[PDB]
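Trainee: Read off the chains here:
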Amino acid sequence: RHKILXXXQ
Amino acid sequence: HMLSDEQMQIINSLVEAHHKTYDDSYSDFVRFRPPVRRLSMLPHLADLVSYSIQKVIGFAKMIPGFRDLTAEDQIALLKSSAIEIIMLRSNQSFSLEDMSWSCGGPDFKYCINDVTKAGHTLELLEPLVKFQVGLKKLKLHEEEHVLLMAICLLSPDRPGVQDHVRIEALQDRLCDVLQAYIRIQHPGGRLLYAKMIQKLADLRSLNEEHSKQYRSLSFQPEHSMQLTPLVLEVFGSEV
Ligand SMILES: C=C1/C(=C\C=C2/CCC[C@]3(C)[C@@H]([C@H](C)CCCC(C)(C)O)CC[C@@H]23)C[C@@H](O)C[C@@H]1O
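Sequence lines, in order, name chains B and A.
Taken in order, the first sequence gives residues 686 to 694; the numbers are from the deposited numbering.
Taken in order, the second sequence gives residues 154 to 190, 251 to 452; the numbers are from the deposited numbering.
Treat the hints with care, since some could be wrong.
[What the hints assert, rightly or not] One side only, chain A facing chain B, incomplete, derived with CB under 8 Å:
# : residue
1 : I288
2 : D327
3 : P442
4 : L443
[To be verified] If you anchor each label on the Cβ, the simulated ranges turn out as follows:
#  : chain 1 : residue 1 : chain 2 : residue 2 : range
5  : B       : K688      : A       : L351      : 33 to 41 Å
6  : B       : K688      : A       : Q392      : 36 to 44 Å
7  : A       : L404      : B       : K688      : 44 to 52 Å
8  : B       : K688      : A       : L335      : 31 to 39 Å
9  : B       : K688      : A       : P400      : 48 to 56 Å
10 : B       : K688      : A       : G347      : 24 to 32 Å
11 : A       : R280      : B       : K688      : 17 to 25 Å
12 : B       : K688      : A       : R403      : 40 to 48 Å
13 : A       : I410      : B       : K688      : 30 to 38 Å
14 : B       : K688      : A       : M275      : 18 to 26 Å
15 : B       : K688      : A       : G318      : 29 to 37 Å
16 : B       : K688      : A       : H399      : 21 to 29 Å
17 : B       : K688      : A       : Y179      : 24 to 32 Å
18 : A       : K343      : B       : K688      : 31 to 39 Å
[As the list claims (entries may be wrong)] Computed cross-link-like contacts, BS3-like style, restricted to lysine-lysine with a CA-CA straight-line distance of at most 27 Å:
#  : chain 1 : residue 1 : chain 2 : residue 2
19 : A       : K173      : A       : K425
20 : A       : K343      : A       : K425
21 : A       : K330      : A       : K349
22 : A       : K412      : A       : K425
23 : A       : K412      : B       : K688
24 : B       : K688      : A       : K425
25 : A       : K330      : A       : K425
26 : A       : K352      : A       : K322
27 : A       : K268      : A       : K343
28 : A       : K274      : B       : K688
29 : A       : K343      : B       : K688
30 : A       : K349      : A       : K322
The hints are simulated quantities; they were obtained by calculation from the structure and are not laboratory data.
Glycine residues also receive a C-beta, built at the ideal position from the N, C-alpha and C atoms.
Go ahead and model the full structure; you've got the sequences and the hints to work with.
Mentor: Written out as structure tokens, the structure is:
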């Protein structure tokens, strides 16, 4: 999952 | 055989970015889950890697040109190389006298047996230590150390990258700065630059071996629950 990787604003 | 003003500015901004994202006091390590010596070291080393991924992200956004890319390309490059940047940046704590990573007191000193207690085998750890020794023996300047990390992160040949020509141009811009730095700071130059590039080839196979062992660990619930959300996002297989 890329929920956290969305702190790339 | 001389660095332009913008080549020097790239060097200045990269070393400053590293100084801001690498804390030599390791004082944040006490907030990790405690080291313990069935995978008694996995909680602490997972927190260490998860914390280091944050630092790598911070370093990446201060690389000139990186934030100008798409968010998708930024994530694709970060996911593909995060483990390599961590192995690269970990050489600063690696010591040849003890063959270990020393981040302060003996509690935060990591030998190869500690990592065996995180679910990894010698097929990864022994090449990793050999990579650390060979990297240590090159005695890189910190300017060469941070340029290599930036070059590793901006590799166009990563899966999921869309704007390839834009990433390759920024990487070549950094390789040109690194080549000029070596030529000026060192006798000769072509030999050292060649081995630094070879170290990036070594990191590719180290990544490959770690991804296999991580996939085995992450599919066992008793171990996967000891990881962190950021680790599962970054090292996972999702899109
Ligand atoms: C983090 C960093 C440091 C050491 C890196 C190490 C030491 C212990 C074992 C490590 C973490 C390797 C492990 C095989 C990685 C496996 C993690 C996992 C269990 C999720 O598969 C990779 C790098 C090795 C400390 C400091 O230099 C900051 C740096 O930033």
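Trainee: Hint by hint, say whether it matches the structure.
Mentor: Each hint tested on the structure:
1. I288: Hint holds; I288(A) Cβ to chain B Cβ min 3 Å, cut 8 Å.
2. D327: violated (27 Å)
3. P442: holds (6 Å)
4. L443: Result: holds, 6 Å to nearest chain B Cβ.
5. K688(B) / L351(A): 33 to 41 Å: holds (39 Å)
6. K688(B) / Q392(A): 36 to 44 Å: holds (40 Å)
7. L404(A) / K688(B): 44 to 52 Å: Holds, since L404(A) and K688(B) (Cβ atoms, about 46 Å apart) stay within the stated range.
8. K688(B) / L335(A): 31 to 39 Å: holds (35 Å)
9. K688(B) / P400(A): 48 to 56 Å: holds (51 Å)
10. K688(B) / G347(A): 24 to 32 Å: violated (38 Å)
11. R280(A) / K688(B): 17 to 25 Å: holds (20 Å)
12. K688(B) / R403(A): 40 to 48 Å: holds (45 Å)
13. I410(A) / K688(B): 30 to 38 Å: holds (36 Å)
14. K688(B) / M275(A): 18 to 26 Å: Holds: the Cβ-Cβ distance is about 24 Å, inside 18 to 26 Å.
15. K688(B) / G318(A): 29 to 37 Å: Check passed, 36 Å falls within 29 to 37 Å.
16. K688(B) / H399(A): 21 to 29 Å: Distance hint for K688(B), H399(A) is violated at roughly 45 Å.
17. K688(B) / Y179(A): 24 to 32 Å: Holds, at about 29 Å.
18. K343(A) / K688(B): 31 to 39 Å: About 37 Å separates the Cβ atoms of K343(A) and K688(B), which means 31 to 39 Å holds.
19. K173(A) / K425(A): violated (32 Å)
20. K343(A) / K425(A): Holds, at about 19 Å.
21. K330(A) / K349(A): holds (25 Å)
22. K412(A) / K425(A): Within the cut-off at roughly 20 Å; holds.
23. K412(A) / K688(B): This hinted pair is violated, its Cα atoms lying about 32 Å apart.
24. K688(B) / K425(A): holds (24 Å)
25. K330(A) / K425(A): Roughly 17 Å between the alpha carbons, so the hint for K330(A) and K425(A) holds.
26. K352(A) / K322(A): It holds: about 22 Å lies between the C-alpha atoms, which stays within 27 Å.
27. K268(A) / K343(A): Measuring from Cα to Cα gives roughly 24 Å; hence the hint holds.
28. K274(A) / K688(B): holds (18 Å)
29. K343(A) / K688(B): Cα-Cα ~36 Å, so violated.
30. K349(A) / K322(A): Status holds; Cα separation ~17 Å.
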